[PDB]
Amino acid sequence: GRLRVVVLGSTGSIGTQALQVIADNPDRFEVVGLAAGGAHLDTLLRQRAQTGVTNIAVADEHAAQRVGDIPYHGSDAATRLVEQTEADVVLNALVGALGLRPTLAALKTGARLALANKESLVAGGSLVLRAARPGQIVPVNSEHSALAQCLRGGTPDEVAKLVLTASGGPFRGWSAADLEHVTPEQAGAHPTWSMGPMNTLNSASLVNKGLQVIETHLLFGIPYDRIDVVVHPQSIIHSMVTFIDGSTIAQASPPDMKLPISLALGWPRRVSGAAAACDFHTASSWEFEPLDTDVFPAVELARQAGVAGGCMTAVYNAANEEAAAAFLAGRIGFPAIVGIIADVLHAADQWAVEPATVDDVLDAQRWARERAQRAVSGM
């Protein structure tokens, strides 16, 4: 039958790709709602015009002054749309803190939650897990998608290891000496139309993989000591699962986010023709190498934060966002990003308590930001 989809974060990379998948498959999906932040209001209104979907939300009341016929506008417009719209799937592709409440509201409706928003698990942690029922959250990220597919190779009891693949970023194989010279431009700072300035940087620092390890733990309930990372520069294998008998199951495809997006939307049913398959008519090789954790300790720190628990992973992420933004502005050097994450984490044990409310989480991030700010300025 046809799945009713609410698209939250409709004007971003994931949201617009999802809308293409939906447009290509009207047999499988219909859009029933759209939510955006306000900065790309003209895109959202063009989406209303094209899809015929009048059920739209704009978070920015000031931006909403421009339109006059938005049913939901202002702070928590996306949450109210989720609360009041009948749907089968909520795609949460909102960015940052504003994704958290809509995740919670979506879980409450009982819909499937196709999750792209990182803050929901990384910051929200136990608030989100306590609210979610088994299998309700389907991840959109290609690594987590790969894991969800490979886990079909046995029972939960048969799992020995989850193995996440990492590109290695631009500085794969570089020494600690090399990393001292890293400029913002080298670490992927360009005014790219597509993605956030932090996405390329987090991949270079290995914080992205740290964040993915944390999400892997919460999604699949596997201990941090059984979650491994391997470097794989080709990015064809998106992740693997090792089972108790010694067998490893891996998922492979040429990079294309429409594959994991389509599957997240249609879960558990695959969507015919979503992506190109691996072609074996031409020679290739898939390479693996250990991550140098002495030079790139960002994953080890993510495990330390995750094992600590509570609001510690929110601290890790908020410390990163401040330090990484500081590097991009020329206030610190590249090695200091993860250096500062560590120093803030090591002073953050008051935050190991479990959050009771969204505000608890917001309080931890606030503390982490200003702690990171002090470490940057030397104050």
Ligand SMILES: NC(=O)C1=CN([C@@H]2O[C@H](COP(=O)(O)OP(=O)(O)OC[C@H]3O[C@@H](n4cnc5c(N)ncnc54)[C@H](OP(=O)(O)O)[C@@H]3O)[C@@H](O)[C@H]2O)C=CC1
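So that the term is clear: the rigid core is the largest set of C-alpha atoms that superpose within 1.5 Å between two forms. Residue numbers count along the first chain shown, from 1. First, how it differs from the form deposited with the named molecule bound.
- Compared between these two forms on the core, the listed residues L121, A166, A77, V140 keep their C-alpha shifts below 2 Å, save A77.
- For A59, a C-alpha deviation of 2 angstroms or more is recorded between these two forms after rigid-core alignment.
- Remark: with the core as the superposition reference, the CA shift of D42 between these two forms reaches 2 Å or more.
- Put the two forms on the same core and the Cα of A250 is off by less than 2 Å between these two forms.
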Given for the second form:
Protein chains: 2
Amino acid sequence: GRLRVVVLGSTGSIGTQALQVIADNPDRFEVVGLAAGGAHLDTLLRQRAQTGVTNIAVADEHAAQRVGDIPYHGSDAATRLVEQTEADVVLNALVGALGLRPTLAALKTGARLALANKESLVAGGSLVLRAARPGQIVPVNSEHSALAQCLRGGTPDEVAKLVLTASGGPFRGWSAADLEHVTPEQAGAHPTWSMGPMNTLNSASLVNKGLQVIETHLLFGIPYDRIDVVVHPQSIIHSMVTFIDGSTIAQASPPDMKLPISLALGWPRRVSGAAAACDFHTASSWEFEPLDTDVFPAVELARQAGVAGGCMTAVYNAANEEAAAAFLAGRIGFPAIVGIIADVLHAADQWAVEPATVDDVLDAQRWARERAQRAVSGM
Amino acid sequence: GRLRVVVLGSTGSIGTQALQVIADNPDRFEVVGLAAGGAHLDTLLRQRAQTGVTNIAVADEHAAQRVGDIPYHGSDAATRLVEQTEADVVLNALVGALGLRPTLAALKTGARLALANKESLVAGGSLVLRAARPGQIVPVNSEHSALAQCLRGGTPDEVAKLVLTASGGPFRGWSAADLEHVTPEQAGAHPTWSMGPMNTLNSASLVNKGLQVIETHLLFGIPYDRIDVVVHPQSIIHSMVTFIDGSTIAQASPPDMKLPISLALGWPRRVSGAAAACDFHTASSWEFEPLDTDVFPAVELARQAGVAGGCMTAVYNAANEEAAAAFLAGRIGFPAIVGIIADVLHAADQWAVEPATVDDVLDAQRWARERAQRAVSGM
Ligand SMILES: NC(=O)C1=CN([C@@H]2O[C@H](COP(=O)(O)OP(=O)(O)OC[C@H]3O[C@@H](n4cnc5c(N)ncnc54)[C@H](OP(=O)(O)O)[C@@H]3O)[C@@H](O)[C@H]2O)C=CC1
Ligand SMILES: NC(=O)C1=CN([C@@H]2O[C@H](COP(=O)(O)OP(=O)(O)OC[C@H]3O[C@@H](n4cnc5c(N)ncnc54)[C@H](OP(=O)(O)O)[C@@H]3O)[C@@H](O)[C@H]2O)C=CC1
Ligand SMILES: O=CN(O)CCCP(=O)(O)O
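Given the form solved without the named molecule, corresponding form deposited with the named molecule bound:
Below is the whole assembly, all chains and molecules, this chain first.
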């Protein structure tokens, strides 16, 4: 009846909007657990008071101490919260490949995994897939939500292509020469979406879209050569499916995460009033343009990593995390992010083996981070 | 397997395109019956020669006099062929009120009815709906085909709005003052070989859209106040569904009637290669803008007629036929088309009774034509 929801990363952008959806719909949903890093205790304490949930995980030990009487604390806290909390839905909105163990714990419980943490699927790969029932993983991001809705337009044998839309980021249309001068402040403001700091930078570099191409292949089982990316600056069309007869089915809404969040939580059932619809009483246009793959090769790199398979997507992601951190610190330039990913991937021969265990995945990421640092040291 | 198809109106635009789809897909379809009026008897006779189908109907006895071996000829030849031919699908691409009895007969056989004939729903209304079983009628029109596909995005209970797109016609954005000066020639009237002069006019006047709104209500059971029209000059998006959560699902394809025809024939199964898909390698935009209902009141009039019910929509359509032909003959100006429809409808409340027979519908149309004629002449 009422779905019991554990919210991991409750204090971030996705987590807060998820709590708002749940608060607006006490008929459909109830929060039963919260996990956070500890960097925003004000927010977390506010959430504790508002939801009445004391079943809480805090990653940072000093922060958990500061609060007092937090039942789960330390780096395995989110995972143990998931293992020990009875739930129908686990919303994983943690950031980074650190969401991997909670993702795997969630799947092992049999709960629906409402997945915002793309990195756990990208890194985990077949390891995560083997742990899931069909339909157990339900994507929270707007692109995959769109695709899931659009796929209802036909049978699986009728699918020709999945078309992912990308905003193009703040630097859409820029030359490679132009990109050399980009600052962390210039890359820090998204034209259409309000997200956390990592998702915002990844949108500017197109790595977000590369990761989403990987997730698409893993979630929906479609070959990489049938996953297209088109640039759509308005971010109103969220993605499309083209069928074998020539028909395309597209999903559209004004950008608002509460829509895909609500659908992921309540899948298959839509949540009335979750978000504003497109308003056709006023003029608008939906524009499409090809991605410039020469200036922005991150999606092509993602495909190459995805095709190689095994632990190579974990390498792609881990290489990004390192180079991105070096960009935000002011150590390397903007175009060095995707350049280092490329350098790491093409040295990553050994990592095409399929992971048997989390340890295999961790091993690949450890290597990639080290190799990424070596690439940074060289510039 | 292979669907047995009867094609009614086989010498028209829809009928000949359907026959192409069928000739291109002998695995999926076989023609088992052909029906035409007799004005293009030669084409019908070529179709018999080409397809090998001898099960043919000709409405015009005079035309039938030319041949000597037509199994069905005279008034109701098409109805009789339907009654006596074993089929899985009847494509009704007949034009005008004479499509109505064949529709009723096709429904009675239990075959799927791929419906192009506008009068069957616009005029026949509750007579047709009471005869049809759920899902029996599959629309051929590109807008209705789009809606049927988009309705796959949720349950019936999840539908908020149906949004039909309209090109806006040749006078899109024109003021009322502009519209005073409209000539027949400008209203897309040419001696075009594949198009009735009324269809281009009905598009220009926005009456075509009004008729599509009525058919939408009847096909999908959505109230008139939840059926919207948006102007979309590119005609790439063929229509859209907005769901209760705020999500909109849209169907997009480059204009080509073989797409909706193939799907109507094969429903629910798509036909591979029916039409070209949208191509995103080249930049494009899809524009939307509201219709000025004050300059173009034809759609609101249609809703008024539809809400009234009974035979009121037959009156709407019949009043248009008279007024539109009167404009084309230079007996009235362009703005007076919808003006006369309004006047006839305001006088027409006796026709809000539900029709018991086809004759009730024909009487409504007779009255509406006579009423419109008086309006045109000043008598
Ligand atoms: N934002 C969006 O709209 C979109 C999000 N995504 C995905 O959603 C995920 C998160 O998005 P977003 O909420 O914006 O990111 P945020 O940075 O805004 O939120 C990150 C959350 O994770 C928590 N966290 C950080 N480190 C740890 C840790 N070591 N242990 C436990 N919890 C931790 C933070 O708590 P705290 O900071 O208080 O310590 C915070 O609540 C990402 O993986 C991203 O790819 C996908 C599509 C779009
Ligand atoms: N054309 C389009 O793309 C669209 C069509 N529509 C609707 O779909 C319907 C069909 O489209 P379309 O094929 O172009 O129309 P057409 O006029 O091009 O073809 C009409 C068909 O009806 C036949 N016919 C006429 N009278 C009789 C009769 N008494 N008995 C049996 N058959 C008869 C004609 O035979 P003959 O030629 O010998 O007279 C012809 O084969 C139309 O009514 C239209 O309103 C809706 C949207 C777009
Ligand atoms: O759900 C929302 N997103 O994933 C936004 C992604 C932004 P991008 O299209 O620029 O990567």
